[PDB]
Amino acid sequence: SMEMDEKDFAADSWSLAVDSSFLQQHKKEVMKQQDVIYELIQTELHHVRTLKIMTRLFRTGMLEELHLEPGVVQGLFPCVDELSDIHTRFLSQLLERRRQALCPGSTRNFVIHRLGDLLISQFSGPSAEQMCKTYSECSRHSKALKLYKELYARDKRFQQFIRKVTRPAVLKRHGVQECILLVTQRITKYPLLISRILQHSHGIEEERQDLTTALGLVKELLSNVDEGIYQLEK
């Protein structure tokens, strides 16, 4: 993560992130809509930060510091590169939409009026096909956990590496298995966030319809991922 984005999303809510004299200019319903939109980007930043810990710290650290057998590291972190590309691009678009919305002379005061279009783009077409295919490939979640458990309890260098990279307090809730479940659970958070954003987006009818469509798209994706899962065993 980059300091720029961590600061822009350090506050517990949009009403606390913006200047109080800017908050005072908006209707209550706008503040409620903006708080849920801020939570969507904030939790998307954390999810992308999780996938970066998996690729850069866990996976790459094991390739450069350990002599693990070929295919072992891949089995521990399946599709992490594909997942990191899918979500870093989606995060980039959410952050760009926020930036275009900033007031001149300000780096924190903004209002996102049009989010549904961005969500329809993400959960439709080729990008939706790639998320469905990458998340269906969850089928390797249990095997990754068993592989991790086997190595920790039988390998001295693997245990020393794990104890070393997970020692900082910033990785308290971000260990190997915590990372894997955080990624599996991410897709099922989207309907929750989108329905609460929609709950406060009846002001402009095109926005309510865009969000209604975007919600239907996420649920179709989740139903497809759920039907394509079958646990693999080693």
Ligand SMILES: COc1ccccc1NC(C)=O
The other form holds:
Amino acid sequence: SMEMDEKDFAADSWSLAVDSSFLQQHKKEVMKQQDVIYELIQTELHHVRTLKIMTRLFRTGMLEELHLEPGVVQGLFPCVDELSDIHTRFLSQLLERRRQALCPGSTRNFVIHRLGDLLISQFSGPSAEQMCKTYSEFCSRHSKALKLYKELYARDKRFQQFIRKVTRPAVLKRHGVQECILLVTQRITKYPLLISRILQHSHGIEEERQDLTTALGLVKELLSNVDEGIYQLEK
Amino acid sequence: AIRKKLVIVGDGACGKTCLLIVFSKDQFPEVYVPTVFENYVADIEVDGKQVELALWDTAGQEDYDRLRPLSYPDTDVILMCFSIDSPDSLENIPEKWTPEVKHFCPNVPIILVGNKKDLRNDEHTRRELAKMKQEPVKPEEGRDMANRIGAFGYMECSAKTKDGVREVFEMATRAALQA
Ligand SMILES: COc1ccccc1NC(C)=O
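Counterpart to the form solved without the ligand, namely the form solved in complex with the ligand:
Next comes the full complex, and the chain you just saw is listed first.
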């Protein structure tokens, strides 16, 4: 994660992120809609930070510091590069839409009027197919990854030392190997919850209410195929 | 410091997300209540034992029967939640949630938690329930359900007022420690 985005999403809400004099110039329904859009971007930034801890810190750390058997790191961190690519492109698009919405002379005051189009593009066509195929794979290999992690920690002493060492920072308190896998699996089921609450405060522009309804249907369609595609593998 | 895992389960609007948020949050959500909960590792000291309690939510997983069970591995205590302003969510506790929790988590202690206890004497809640020929869940109805499902215990709390929240999570830590 980068300091710039960490500060832009450091506040507990959109109402606390913007200047109080900018906040006071908006209708309460706009403040409420913006609070949920901000939460969607904030949690997507956290999701991408989770995937980067998995690729750079755990996955790459194990290759460069451990003599683990080939294919064991793949079994521990399935499809993490693919997942990292998908969500980093999505975060990039949400972050640019926020920057576009910035008030000239400000780096914090913005109001996003269009979001549904970005959500429709992400959860439709080839991009939705790629997430469907990737989350179906990741979730079918989830239990085997936890079991493989547990075996390695119970039999290898150098693997124990590596884990103790990388997970020592307080910033990684809720981000151990198993926590990262459950965080990733649980991510996709957050989208309908976030999009429905955004849609609830988006009845000002009818093209937006329809766009957010198309995207809500598209995410639920995706989750149903990801759920149907799950077939748990064993160690 | 031992690591223990807590998972909260229950119907859509049982208040499980609000409960996790109010507990993990240093202060109370005065300005914005978040839509979702990611995870949290709490430092709890109960009866002289120092524990690291990882907290997980199943909100959003209710309709996905092959995805939801991925939340269960290595759980040490289950909070089985229902809403006191919704007697229909209590009927689903033994029919839907208990067979699932016992199949995936055999021998894991379950605490049956009645959330939103403040709505028991709320006027709009009692009027809406009377149209449905119903009333808020009585304390003895919750205890009778906890007894019938073989729960470790029964507890009530209000995430809105914070009453009973700290006691639920300390008891969950005690239940997780017992072997
Ligand atoms: C006009 O609204 C504001 C109030 C206080 C500070 C800044 C602004 N406007 C921008 C565009 O930043």
